[PDB]
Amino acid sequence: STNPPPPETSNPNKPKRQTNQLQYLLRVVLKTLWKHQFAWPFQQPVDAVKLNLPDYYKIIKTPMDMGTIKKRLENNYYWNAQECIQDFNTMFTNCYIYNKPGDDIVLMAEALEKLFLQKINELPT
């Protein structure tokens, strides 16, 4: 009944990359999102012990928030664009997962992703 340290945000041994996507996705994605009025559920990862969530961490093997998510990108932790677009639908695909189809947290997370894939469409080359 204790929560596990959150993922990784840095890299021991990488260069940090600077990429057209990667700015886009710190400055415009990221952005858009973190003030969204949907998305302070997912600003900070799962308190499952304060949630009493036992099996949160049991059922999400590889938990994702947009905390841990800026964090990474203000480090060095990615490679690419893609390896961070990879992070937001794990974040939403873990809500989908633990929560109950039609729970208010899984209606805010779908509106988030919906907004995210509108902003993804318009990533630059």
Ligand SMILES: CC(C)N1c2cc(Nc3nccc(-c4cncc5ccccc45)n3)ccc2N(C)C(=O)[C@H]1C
The other form holds:
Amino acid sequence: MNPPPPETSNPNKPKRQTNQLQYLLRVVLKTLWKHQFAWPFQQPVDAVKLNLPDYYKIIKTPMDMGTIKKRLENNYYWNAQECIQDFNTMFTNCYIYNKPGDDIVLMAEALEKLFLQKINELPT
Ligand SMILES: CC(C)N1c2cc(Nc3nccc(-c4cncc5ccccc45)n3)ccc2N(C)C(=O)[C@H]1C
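Instead of the form deposited without the named molecule shown above, give the structure for the form solved in complex with the named molecule, please.
Below is the whole assembly, all chains and molecules, this chain first.
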């Protein structure tokens, strides 16, 4: 029931190092990563482990912070907006699959609040 995880390396994809990407790794991702509610999001959803064969029938663009962290560390992105889009995919997937007030949604909402806080002053 688990698809192959999102790629974290792609040799023919063009890459750039920017100050915004460095901040997304050093500040934004590490602050989220340490948060008490981060653990569900530190790796792809394991639908076999969870016995949720429906998960990847609903969520067609999966994304997790373990993938985003590996992408940042491997210099996968062209620009910060591509990374921010991955974070937003992750949050949105959580809101789509689950229902308002679910524990997992409270977790995602807390992380997203912190995320928007940290990106409120991206560098230049
Ligand atoms: C809702 C839950 C199934 N959830 C989820 C689970 C995990 N991992 C995990 N591992 C062991 C036990 C559990 C677990 C069991 N029961 C209730 C829970 C309530 C709140 C958190 C976790 C729970 N969850 C990882 C990611 C997700 N994401 C992002 C989702 O959107 C859905 C698919």
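Positions refer to the first chain, counted from 1. By rigid core we mean the largest C-alpha set that fits within 1.5 Å across both forms.
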Practice item. Could you check whether the CA atom of residue 15 moves 2 Å or more between these two forms, using the rigid core for the fit? Key: yes
